[PDB]
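Just one chain is shown here, as structure tokens, and it is the form solved without 2,6-diamino-3H-quinazolin-4-one (DQU).
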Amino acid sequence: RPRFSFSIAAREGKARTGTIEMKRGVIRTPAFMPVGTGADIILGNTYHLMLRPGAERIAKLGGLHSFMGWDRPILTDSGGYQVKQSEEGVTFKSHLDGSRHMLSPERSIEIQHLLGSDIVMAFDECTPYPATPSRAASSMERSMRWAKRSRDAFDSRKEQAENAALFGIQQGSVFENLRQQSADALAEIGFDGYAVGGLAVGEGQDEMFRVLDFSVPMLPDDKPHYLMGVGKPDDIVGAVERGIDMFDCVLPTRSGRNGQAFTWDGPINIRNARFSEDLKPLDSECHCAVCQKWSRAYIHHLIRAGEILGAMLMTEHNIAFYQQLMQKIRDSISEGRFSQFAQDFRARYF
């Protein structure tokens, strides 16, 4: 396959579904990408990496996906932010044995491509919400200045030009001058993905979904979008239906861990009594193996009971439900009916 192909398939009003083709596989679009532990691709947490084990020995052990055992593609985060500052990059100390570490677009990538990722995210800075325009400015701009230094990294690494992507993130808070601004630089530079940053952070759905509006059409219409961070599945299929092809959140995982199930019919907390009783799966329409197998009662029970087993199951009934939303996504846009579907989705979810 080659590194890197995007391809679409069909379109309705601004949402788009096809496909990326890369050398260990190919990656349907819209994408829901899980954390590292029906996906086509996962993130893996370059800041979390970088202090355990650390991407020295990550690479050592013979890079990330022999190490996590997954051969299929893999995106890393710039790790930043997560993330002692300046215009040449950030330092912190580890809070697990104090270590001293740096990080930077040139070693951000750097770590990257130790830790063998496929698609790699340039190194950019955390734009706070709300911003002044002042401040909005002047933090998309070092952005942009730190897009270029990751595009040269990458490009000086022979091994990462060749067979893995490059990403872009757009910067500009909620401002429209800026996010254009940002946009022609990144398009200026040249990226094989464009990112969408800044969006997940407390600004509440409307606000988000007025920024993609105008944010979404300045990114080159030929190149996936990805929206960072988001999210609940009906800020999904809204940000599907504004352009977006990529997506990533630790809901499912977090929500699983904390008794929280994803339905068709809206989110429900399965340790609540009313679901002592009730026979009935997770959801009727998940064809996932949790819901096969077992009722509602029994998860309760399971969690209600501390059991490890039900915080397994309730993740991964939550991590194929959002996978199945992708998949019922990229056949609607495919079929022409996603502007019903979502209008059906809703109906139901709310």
Second form
There are 2 protein chains.
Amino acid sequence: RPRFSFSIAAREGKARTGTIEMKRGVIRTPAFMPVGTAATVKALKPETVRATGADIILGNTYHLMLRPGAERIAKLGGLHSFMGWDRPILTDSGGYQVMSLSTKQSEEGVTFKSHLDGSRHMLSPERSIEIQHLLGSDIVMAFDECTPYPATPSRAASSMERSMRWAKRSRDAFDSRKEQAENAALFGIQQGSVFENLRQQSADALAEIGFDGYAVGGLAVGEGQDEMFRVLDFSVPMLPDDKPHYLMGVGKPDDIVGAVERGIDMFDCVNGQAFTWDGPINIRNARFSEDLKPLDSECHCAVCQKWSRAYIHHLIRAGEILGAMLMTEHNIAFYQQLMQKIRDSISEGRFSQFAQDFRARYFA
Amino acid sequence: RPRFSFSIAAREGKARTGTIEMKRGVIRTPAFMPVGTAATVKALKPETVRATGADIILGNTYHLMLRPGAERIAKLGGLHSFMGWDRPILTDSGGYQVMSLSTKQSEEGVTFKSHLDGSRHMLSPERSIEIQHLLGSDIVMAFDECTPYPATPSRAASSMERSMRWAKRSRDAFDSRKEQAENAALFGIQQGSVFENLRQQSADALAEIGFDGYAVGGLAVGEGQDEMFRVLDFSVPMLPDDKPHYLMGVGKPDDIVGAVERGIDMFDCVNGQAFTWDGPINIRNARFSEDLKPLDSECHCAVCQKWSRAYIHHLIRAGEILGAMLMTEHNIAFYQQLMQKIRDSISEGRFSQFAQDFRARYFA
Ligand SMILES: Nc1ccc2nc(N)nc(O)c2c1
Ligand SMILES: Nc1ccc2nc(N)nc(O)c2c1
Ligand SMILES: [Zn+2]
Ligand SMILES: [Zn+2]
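Okay, that one was the form solved without 2,6-diamino-3H-quinazolin-4-one (DQU). Can I see the form deposited with 2,6-diamino-3H-quinazolin-4-one (DQU) bound too?
Next comes the full complex, and the chain you just saw is listed first.
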């Protein structure tokens, strides 16, 4: 396969369906990427993650740089070999988590203390790109400065401007490393909060630099679905049409459906909540103690073929690890089934109808 | 298959190897039974438990009667259907756990408060047998009164005597329930602490009543391996030779090898400790942070084929659920491989040699 090749096979309105070909495998879009925090998708073996239908997973520069360490993972042979996942891996730049879990900020980057050992680290565009290389990331995310919501026009502009400067530094760092530039891909991140003029400026700067994909950052940070959808309405069209559009940190089923309707191709997002086509349910609720039905009536995942709500209800309330294993496999499988239905409906020119039917039942 | 049929295929000294045929499947002996606490073998899907080589698992009357409840499990279709394990299941009587986790004792039974909700329960030989029936247990354990170590001759005798009276009540309760007597098996439990005359009295009383199997209870309660082996030396020969001998709660690898050398056919027993043919290791130790080798050099389990000590080291220190999943699958697989080597060596008349080689390396 090539280093990177995004091809759109079908369209309906702003929605698109296709594939991203990379050296380690093919990614079907729209795609949902399970998230791996500490070099593991919570409670699932990689083979199980693959079994649910995932084509790619997400890794975090922040968590990994702290534990077990980027240099260590490199010495060990890379993240893929380390955790046992041989398909594509997209790694975030770390910036987002540093401002949420660990901080001295400057134009050079960010310095902070680990929320684990209390040690210090100076994350910068250059160091972020290097760490993702050490991990062996397939899709590298530019290092940016997220803008907290709400944000004043002035502050949103300053952060967007810095991010574009950092985007240029990320691009140059990536291209200067021969092995990384020839085998991996680099995605730029659009910022600008909820302001259209800033989003336009960010998109233009990003397209001028040139990236393999474009992510819409700064959303899903407390603005609500209505506002998010409004921002996506004018933001996504600003990005290059022939490259993937990645909405960072968005995962609620209805959010995904609405985002795909607005041009998004990639998603990622991180208990007793189980998704069903009839809306989510909390398995801990007493009404499920003797319910012999599976989590969802049509879901084809292994959990729904073998265990009842009553059993999983018992496991979760008992704090048993198998409870988490089963709930997680079903939920990730549900998400993949959702992406499959989306891809098929777009391919058959009936996505709008699918969106309508989905919402009618999901919120009924 | 028949309700119950134990056949010995080979022998060497006091060691035996053979099979126990039951309606739900065949059990190869010597056998190791993984333990299921709350209707689940910690962090493993039943298929994974089976994959490691287990022919039967153990369930607990105490934990299940508290959560989710015996009556509830029955209404739900039985423990097998509930947890998804269709092979044989041996259930303990609950008495042991009540005196360790939850108490008013009498000749009629024991009353106690749950260490969960604080509710009350009156476990008796009759209620214990009934609960195991409600669960759908294949091998039912008689309800006894364990003797704390150390125990005075007087107290050991009183408890042994009560246990034999309770053993008779267990037998009658079992036989009176048509469905249970025709489809399940009942094991009696020998008591008597470390005293030979009491063990002999217990064995005689048990054989007089008649059981499908005989367990050696009251050991592995703080007496040490030397003392335990000394008690087994004269205790096991007292039991009927043509029925299975079950050593309750004994699981350290060296303990199992020594017990089989003394006539035991069945075992069961309940972190970063990983077993290896070179002795156990604690994966949390810093010396494993960059060790690319598998947990054990020859173990054929899935964990050892796919992940390194370095990765599992990371997972466990990070508190990740996959860490527990992988460590548990390997350990249970190790135990099953140990039982297989024991069965094969006995069948080939070279068990004594195997025991010698095992110890030499395990403790080297
Ligand atoms: N809602 C999100 C989630 C993750 C993000 N990661 C980066 N690097 N930047 C953003 O703006 C994000 C927004
Ligand atoms: N070491 C053990 C473990 C479990 C036991 N269970 C019962 N019912 N009775 C004993 O004596 C036990 C001893
Ligand atoms: Zn499911
Ligand atoms: Zn292993």
